[PDB]
Amino acid sequence: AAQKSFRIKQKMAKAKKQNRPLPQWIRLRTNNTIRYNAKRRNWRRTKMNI
Amino acid sequence: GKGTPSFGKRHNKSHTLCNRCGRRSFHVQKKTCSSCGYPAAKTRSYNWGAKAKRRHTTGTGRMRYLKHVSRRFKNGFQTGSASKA
Amino acid sequence: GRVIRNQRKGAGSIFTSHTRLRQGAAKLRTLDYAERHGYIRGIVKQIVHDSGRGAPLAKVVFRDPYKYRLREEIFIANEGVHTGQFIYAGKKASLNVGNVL
Amino acid sequence: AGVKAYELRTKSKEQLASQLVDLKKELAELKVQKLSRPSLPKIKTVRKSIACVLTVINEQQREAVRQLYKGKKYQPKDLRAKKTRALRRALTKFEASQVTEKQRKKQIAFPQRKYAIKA
Amino acid sequence: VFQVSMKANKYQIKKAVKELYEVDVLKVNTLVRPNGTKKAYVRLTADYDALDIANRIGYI
RNA sequence: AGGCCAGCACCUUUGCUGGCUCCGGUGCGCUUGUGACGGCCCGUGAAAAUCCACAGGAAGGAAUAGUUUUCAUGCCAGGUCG
RNA sequence: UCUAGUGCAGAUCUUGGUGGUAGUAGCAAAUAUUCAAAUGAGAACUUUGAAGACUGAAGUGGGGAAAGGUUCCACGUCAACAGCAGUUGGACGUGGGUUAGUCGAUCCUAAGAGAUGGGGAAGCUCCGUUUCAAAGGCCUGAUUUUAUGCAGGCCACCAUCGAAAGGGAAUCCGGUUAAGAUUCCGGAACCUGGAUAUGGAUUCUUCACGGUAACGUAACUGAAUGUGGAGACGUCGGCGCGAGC
RNA sequence: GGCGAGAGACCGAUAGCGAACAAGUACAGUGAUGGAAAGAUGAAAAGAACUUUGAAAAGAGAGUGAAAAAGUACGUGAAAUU
RNA sequence: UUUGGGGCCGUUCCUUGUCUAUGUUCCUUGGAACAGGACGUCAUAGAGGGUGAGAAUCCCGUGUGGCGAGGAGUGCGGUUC
RNA sequence: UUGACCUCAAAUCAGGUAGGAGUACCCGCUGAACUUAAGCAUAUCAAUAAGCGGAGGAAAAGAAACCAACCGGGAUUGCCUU
RNA sequence: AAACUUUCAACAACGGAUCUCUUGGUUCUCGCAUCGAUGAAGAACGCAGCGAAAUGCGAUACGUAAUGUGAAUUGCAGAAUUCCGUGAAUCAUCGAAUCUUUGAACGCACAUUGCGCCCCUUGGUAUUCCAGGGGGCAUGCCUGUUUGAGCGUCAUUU
Numbered sequence: 002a003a004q005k006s007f008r009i010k011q012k013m014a015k016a017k018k019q020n021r022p023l024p025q026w027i028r029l030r031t032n033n034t035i036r037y038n039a040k041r042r043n044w045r046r047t048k049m050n051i
Numbered sequence: 002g003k004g005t006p007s008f009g010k011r012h013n014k015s016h017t018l019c020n021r022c023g024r025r026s027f028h029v030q031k032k033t034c035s036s037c038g039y040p041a042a043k044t045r046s047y048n049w050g051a052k053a054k055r056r057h058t059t060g061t062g063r064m065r066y067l068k069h070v071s072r073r074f075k076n077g078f079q080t081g082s083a084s085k086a
Numbered sequence: 002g003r004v005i006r007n008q009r010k011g012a013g014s015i016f017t018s019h020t021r022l023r024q025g026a027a028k029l030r031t032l033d034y035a036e037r038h039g040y041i042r043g044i045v046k047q048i049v050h051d052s053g054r055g056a057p058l059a060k061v062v063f064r065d066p067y068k069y070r071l072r073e074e075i076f077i078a079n080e081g082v083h084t085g086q087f088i089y090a091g092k093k094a095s096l097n098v099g100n101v102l
Numbered sequence: 002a003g004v005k006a007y008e009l010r011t012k013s014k015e016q017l018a019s020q021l022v023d024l025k026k027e028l029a030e031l032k033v034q035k036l037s038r039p040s041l042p043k044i045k046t047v048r049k050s051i052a053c054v055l056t057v058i059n060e061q062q063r064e065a066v067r068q069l070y071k072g073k074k075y076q077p078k079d080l081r082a083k084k085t086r087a088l089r090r091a092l093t094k095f096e097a098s099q100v101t102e103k104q105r106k107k108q109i110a111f112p113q114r115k116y117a118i119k120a
Numbered sequence: 083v084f085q086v087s088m089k090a091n092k093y094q095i096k097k098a099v100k101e102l103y104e105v106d107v108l109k110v111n112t113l114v115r116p117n118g119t120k121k122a123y124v125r126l127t128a129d130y131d132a133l134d135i136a137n138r139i140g141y142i
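Residue numbers (full-length UniProt numbering), protein chains in the order written: chain A, 2 to 51; chain B, 2 to 86; chain C, 2 to 102; chain D, 2 to 120; chain E, 83 to 142.
Any given hint could be a false lead.
[As the list claims (entries may be wrong)] Label-pair restraints from in silico Cβ distances:
| no. | chain 1 | residue 1 | chain 2 | residue 2 | range |
| --- | --- | --- | --- | --- | --- |
| 1 | E | 138 | B | 42 | 50 to 60 Å |
| 2 | B | 63 | D | 91 | 27 to 37 Å |
| 3 | A | 10 | B | 31 | 46 to 56 Å |
| 4 | E | 105 | D | 12 | 29 to 39 Å |
| 5 | A | 26 | B | 53 | 32 to 42 Å |
| 6 | A | 39 | B | 24 | 19 to 29 Å |
| 7 | B | 69 | E | 108 | 29 to 39 Å |
| 8 | E | 109 | D | 23 | 39 to 49 Å |
| 9 | E | 109 | C | 26 | 56 to 66 Å |
| 10 | D | 12 | E | 138 | 30 to 40 Å |
| 11 | E | 108 | B | 53 | 50 to 60 Å |
| 12 | E | 105 | A | 10 | 28 to 38 Å |
| 13 | A | 30 | B | 11 | 51 to 61 Å |
[To be verified] Cross-link-like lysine-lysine pairs, in silico, DSSO-like; alpha carbons within 30 Å at most:
| no. | chain 1 | residue 1 | chain 2 | residue 2 |
| --- | --- | --- | --- | --- |
| 14 | E | 109 | B | 32 |
| 15 | B | 85 | D | 115 |
| 16 | D | 26 | E | 92 |
| 17 | D | 74 | A | 15 |
| 18 | A | 15 | E | 89 |
| 19 | A | 40 | A | 5 |
| 20 | D | 94 | D | 119 |
| 21 | D | 26 | A | 18 |
| 22 | E | 89 | A | 17 |
| 23 | D | 43 | A | 15 |
| 24 | B | 31 | B | 43 |
| 25 | D | 45 | A | 18 |
| 26 | D | 94 | A | 10 |
| 27 | D | 45 | D | 35 |
| 28 | A | 10 | B | 68 |
| 29 | A | 18 | B | 43 |
| 30 | B | 75 | D | 74 |
| 31 | E | 100 | D | 49 |
| 32 | A | 12 | D | 45 |
| 33 | D | 49 | E | 109 |
| 34 | B | 68 | D | 78 |
| 35 | B | 10 | A | 10 |
| 36 | E | 120 | D | 25 |
| 37 | A | 18 | D | 25 |
| 38 | D | 35 | E | 109 |
| 39 | E | 97 | E | 121 |
| 40 | D | 78 | D | 115 |
Simulated from the structure, these hints should not be mistaken for lab results.
Ideal placement from N, C-alpha and C gives every residue a C-beta, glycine not left out.
Please build the complete structure, drawing on both the sequences and the hints.
What follows is the structure, encoded as structure tokens:
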């Protein structure tokens, strides 16, 4: 909520920095087996449980 | 209305995060984690919770010191430094 | 079969007494030296209602003989006692109502 | 490019502090140049040079303190031997080679003679 | 407007600015950017000019 | 300041200039706060921090100079997290 | 020749996949939409304008707590989602954004939880929270080898946690942004803590005067200790008064 | 179990450790706990220049390649079903 | 009748570096020859892996011995006080 | 009076030490039931699982308050066997 | 007769079996004994010129130093003096260091990035107030030191 705690805000910031796609140069590298991100997280679908 | 509307009434966290395990198991009104046993000294484990041990045991982390322990035993726990042959 | 009400009543999480508004425990003055060799005067300052208790209480006030101090006590009021009333406690005290002979 | 630990070791303490502050100012300049620019690795060279400088300084101080506490017991708990808890809590070869004079006599008088068996 | 360690406070920021930039600073308002960082709005006296010292630093 | 209006200006940053901004009345009205009373109780309706005052009289001090900073004024700072 | 995890139609078998049903049931609560223009490849639904209607202040309004986490705002943008559509979107992509001495937390304690001392328990741990305990720190200084001892003196509660709705030190107007503001800008105030100088006041009757009195004042010594008040308080009724409407 | 080495009449991606892959992962649940799926282009990206239709996606040509009957919906490519 | 302690060089153990032979000759097919064929070499090395398809002989290695480096160390062989 | 002793205490006194983890094996405590008995209560499952305490590279044990009854043997553990 | 239904085949589809592979698993054997208050196992948050994760790492942050090899890393960009050399490198090895906040977690606490005490030092005209920096304060127990307490108790005083 608005009146929140710093731990919550810390985890939220980390989540926000996670919530974005792959880099395409990583898609370009050698021996690469990654096509997409699968740790992707959207507030509508799944909650953090914190 | 034991189901749906009561789930609507459901909004106050019984559990929150713990500072020893980080799992959201810290019962606030008891002041205990349901997974690590905080604020107890020991770590909570059971030999019926074999999977739990396997999940929370040694090697699932960085082992910031313990890998180097075996390297150092190999080299015999040596002090000092090299000599520039 | 279950454990029944009269047996749950002894652990008493909910059966404990509701002890908020109670002004204190209504005990007599302690039996030190003045009471057991002479007498001592205090004053009923205020009668009040104790919660859970049908008998009122009387905030009496004494003096400490050992220090400049005003140890206040709580007495259960008898019929006739009133405010501003001198209470004599002790052995050679006089036999009137409110005294602690 | 960058810096070199051996010539730093030749240099002195205050020289190293001046080198350090110079590098730090340069790194701040580089970070503003970085927000202006797309890419900059010179900042990484700077990072590792600062790290080596601080390392050298630490080693100089620790060596000073070692040769200060030299040849006496009760040196501190970061200049002592790290080996392991159990080995530190273990006996010494002295304390383990200690014997009763009784067993010393029995040894000296009757030790395991080296014999052989053909004739 | 600066980006700042989470371990820092306004006294530290004020002194650090006075040192690094040879200015005097009126007041300091800080917040935590939800990317996890700290941000500082730092107001000087009317003597100095923030534009001057910023295009001195080399950003603008 | 803000609000209501009028006028004159311009690719334009755009404004610029003027006036008015007043005096009242009522009420079982609505909401709310409050004051003094009344009624109810085998129900009489938290605590602590904190603050103040008073009793008391340890002590400390004036004269070519002292005493006071609960009067006024003046100076500095006021963190952490949201 | 040897050796087996050796041959499936079934086990309401397991896993995965696929069908007919079937372009079917159905997409029907919440009074209701229409005309034109613009954009765009494309408009029943996007945007604007015009009209008609609704919620009708116990509202489909405006702000918040819990919770949620960046959905907020903008630019681009429609492969998937928005059970039709889609040029739009709480979607996709890239960024930006939350400024406090005065608002809260922090402090206080409530119900209560919970160490210590001690006692039980094979033991994890249990009881208990002032207890059968040697349970501490507060002030003036005194010296001027000198920092802080010694001189004294004082007191004995005797952890800690526990409320973002209880108690509680103190901030208001106007303006401002794409999105923030009792926080930022301008202006005008207050409080706490700590320093300190002048003025003022008072005094040779050494620590103020006036008032019958209620009591008044710009101030106008006062330690230890102790007493008292505020904090500190239900509910309903009608009456009065005030503010806003 | 830990660390390091070697081997097999073992399993060969619905098998074998739950995990041959960013697996104790995503994900669910208040929580204890639960707990997946998912390997293969080609020797080499040479991953399709250029033209044309289309709003575009894509198509048809072209071309690479030994092979596009290898086009990241990629080895082969069964059946059900179409 | 019999005795102790230190040094050194070796040796032992551990860790570990490096050196240690032999065809890429001809023909056919194929995108590529590691395939087929002919001719040869080494072998105390034909174990395994790799490289454009079954590679002893192209590469790393294997086998054989060698030459070192740093540690443990009294297990003992010689020497020295 | 001054100085010892005994016992009990305090110091952010000098130095150290234990705590927790992992736990395959090891030493101990504690302690079931499903089950089998064609039922079931003793019994069996089992002096087991779970729980708790404590170690090492092995642990534990161990130089006989032993076995034996022989023409006597001779710490301990373990394998074959009994 | 078409259409439709069904059947068979060819080609195309859905789908992912079969075949062939394999940095994995499993089982057997051999060998060694090495966590932690000198702060572990684990957790949280954070660090790259351009990364979300994995792996690595800790404000010296995909790493520093030291040693050895001996000129690469690679998706892009950049860098070159770093190439007949105290020297490339996501190299190997690793004996010196750093080691955020936590955690047996140890100043008191904790759903608070909360609240203190001491020492040294700096600034603010300051032993006291404020802030900054550096260093510190857990408990139980052992041995020892110092200061003690108690008619528990001894002697010796005049």
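So, going through the hints one by one against the coordinates:
| no. | hint | in the structure |
| --- | --- | --- |
| 1 | 138/E to 42/B: 50 to 60 Å | holds, 57 Å |
| 2 | 63/B to 91/D: 27 to 37 Å | holds, 28 Å |
| 3 | 10/A to 31/B: 46 to 56 Å | violated, 26 Å |
| 4 | 105/E to 12/D: 29 to 39 Å | holds, 33 Å |
| 5 | 26/A to 53/B: 32 to 42 Å | holds, 40 Å |
| 6 | 39/A to 24/B: 19 to 29 Å | holds, 22 Å |
| 7 | 69/B to 108/E: 29 to 39 Å | violated, 51 Å |
| 8 | 109/E to 23/D: 39 to 49 Å | violated, 32 Å |
| 9 | 109/E to 26/C: 56 to 66 Å | holds, 57 Å |
| 10 | 12/D to 138/E: 30 to 40 Å | holds, 31 Å |
| 11 | 108/E to 53/B: 50 to 60 Å | holds, 57 Å |
| 12 | 105/E to 10/A: 28 to 38 Å | holds, 31 Å |
| 13 | 30/A to 11/B: 51 to 61 Å | violated, 46 Å |
| 14 | 109/E to 32/B | violated, 41 Å |
| 15 | 85/B to 115/D | violated, 44 Å |
| 16 | 26/D to 92/E | holds, 21 Å |
| 17 | 74/D to 15/A | violated, 49 Å |
| 18 | 15/A to 89/E | holds, 17 Å |
| 19 | 40/A to 5/A | holds, 25 Å |
| 20 | 94/D to 119/D | violated, 38 Å |
| 21 | 26/D to 18/A | holds, 29 Å |
| 22 | 89/E to 17/A | holds, 21 Å |
| 23 | 43/D to 15/A | holds, 28 Å |
| 24 | 31/B to 43/B | holds, 17 Å |
| 25 | 45/D to 18/A | holds, 23 Å |
| 26 | 94/D to 10/A | violated, 56 Å |
| 27 | 45/D to 35/D | holds, 12 Å |
| 28 | 10/A to 68/B | violated, 34 Å |
| 29 | 18/A to 43/B | violated, 35 Å |
| 30 | 75/B to 74/D | holds, 29 Å |
| 31 | 100/E to 49/D | holds, 28 Å |
| 32 | 12/A to 45/D | holds, 28 Å |
| 33 | 49/D to 109/E | violated, 35 Å |
| 34 | 68/B to 78/D | holds, 22 Å |
| 35 | 10/B to 10/A | holds, 25 Å |
| 36 | 120/E to 25/D | holds, 20 Å |
| 37 | 18/A to 25/D | holds, 28 Å |
| 38 | 35/D to 109/E | holds, 28 Å |
| 39 | 97/E to 121/E | holds, 16 Å |
| 40 | 78/D to 115/D | violated, 47 Å |
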